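Notes follow the structure.
Here the complex is missing one protein chain, while the rest keep their positions.
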Amino acid sequence: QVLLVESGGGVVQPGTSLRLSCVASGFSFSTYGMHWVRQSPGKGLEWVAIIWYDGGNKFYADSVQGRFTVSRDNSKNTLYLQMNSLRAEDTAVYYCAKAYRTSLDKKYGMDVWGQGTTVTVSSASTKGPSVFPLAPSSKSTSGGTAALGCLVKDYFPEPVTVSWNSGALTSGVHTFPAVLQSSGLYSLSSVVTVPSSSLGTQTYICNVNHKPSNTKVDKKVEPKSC
Amino acid sequence: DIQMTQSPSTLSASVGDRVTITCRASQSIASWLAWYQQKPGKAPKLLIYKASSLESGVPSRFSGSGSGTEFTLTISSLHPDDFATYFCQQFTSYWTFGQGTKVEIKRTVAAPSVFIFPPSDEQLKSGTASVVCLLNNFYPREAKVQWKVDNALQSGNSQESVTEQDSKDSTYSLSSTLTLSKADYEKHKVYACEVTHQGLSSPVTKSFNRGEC
Partner (left out) sequence: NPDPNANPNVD
């Protein structure tokens, strides 16, 4: 029934502006107050702003006052967040949330949240990854099983997708979360475990896709003599 | 403002256990407290409102209590759908949140399989060297991975990444990547990762010799 959809997120350089939107359906949006909340890995959940049903009263968190403007167009069922002078600390997932239903209460929380839209503030330029084999060897074997993989290094922004053998190989695959390097670029590895007796007779290829740079790589991972 | 102190930070529990999460407000908030559940990649979902009222569709095994400064969320019989992160929120003076409690699946100890991958020729051509050490399918999460280069302990030149608990067997996997320039890589012979884990009776070292692997 009740649905909120955030949009407008993206990767932006610091100091620029960016407007988020939240489209509501399934309830009488024009009669409810609405919120923005954001979540970052090193600050938890942090309330950002609220706007009254009619657009009058707006309150803001101390960190965003002056820079952020909340607004709404009830004729379009849309909530807006205008973000200005974007700082690295504004990197977060941004959620919109509906106010709780009216009752005899004098204090009001939130009841339903949207899916969230990711905002990343960085000076890094778009760049496709280099893809390197993690070759199986006697130092990656255990009880008839061998591990092998690919290292997907130095790309920006997220995400990349990795598959194996064009999707025919899925069991035993672990693709790790990317890590942000001090260079400002991301890296990750994807590993799979396979029967070590297959190494001479089965081709293993990691298929890597980095849509932001339109980079596609098929890297055959060959066993070493180690 | 009002600070919410939630505890414990992480809790490992078996299915069917009795689980209790506490939150403490820095000043009185009457009953103006809500509890949320969040699973990876999804938005928080309201479970309890005004400290003790169950929201629509929330199962009866959830309960909340409290008034003033101390609040608790209890799951009487932990269900497989309940492993998730939980957050409290006061809504009497703006809206502030607890730091979160991750409820994780308890299972039997499994020692990691440890593997090591020298840098590829292709990467070396590019001017840098990455050495990867992989810990596969282990439990519990706590594990210590230390890089030694010519038996000299490394710090500040590695990064770790960890998966979420595997949907089948509830284990973790972890990678640690030591990164050096090609010049620094070539100054040293032995590259080793030393792994300490509860499942291992002693710490395990996997190593190779540069140029011999």
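In order of appearance the chains are A and B, and numbering begins at 1 in each one.
In this section, a contact is a pair of C-beta atoms (placed from the backbone, for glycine too) under 8 Å apart; a residue touches a chain by one contact, two chains touch by 3 or more.
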**Request:** For the chain that's not shown, point to the residue among A:13, A:25 or A:57 touching it.
**Result:** A:57
**Fill in**
Sole touch to the unshown chain from B:6, B:31, B:38 or B:92: residue B:92
**Request:** Check the options A:9, A:33 or A:223 and report the residue that touches the missing chain.
**Result:** A:33
**Fill in**
Which of A:75, A:102 or A:171 touches the missing chain? It is A:102
**Request:** Extract the touching residues of subunit B with respect to the undisplayed chain.
**Result:** 32, 91-95
**Message:** Could you pull out which residues of subunit A are in touch with the chain that's been left out?
**Reply:** 31-34, 50-53, 57, 59, 99, 101-102, 105-108
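To be clear about the criterion, only the chains that are shown with their structure count from here on.
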**Fill in**
Per the C-alpha means, the centres of subunit A and subunit B lie apart by a whole-Å value of 18
**Request:** Please give the residue numbers of subunit A that touch subunit B in the complex, ascending.
**Result:** 35, 37, 44-47, 59, 61, 95, 100, 105, 107-116, 130, 132-135, 137, 139-140, 142, 147, 149, 151, 153, 174, 176-179, 181, 187-189, 191, 193, 224, 226
**Request:** Under the touch definition given earlier, write down the residues of subunit B that touch subunit A in their complex.
**Result:** 30, 32, 34, 42-46, 49-50, 55, 87, 89, 91-92, 94-100, 113, 115-120, 122-123, 126, 130, 132, 134, 136, 159-163, 173, 175, 177, 179, 206, 208, 212-213
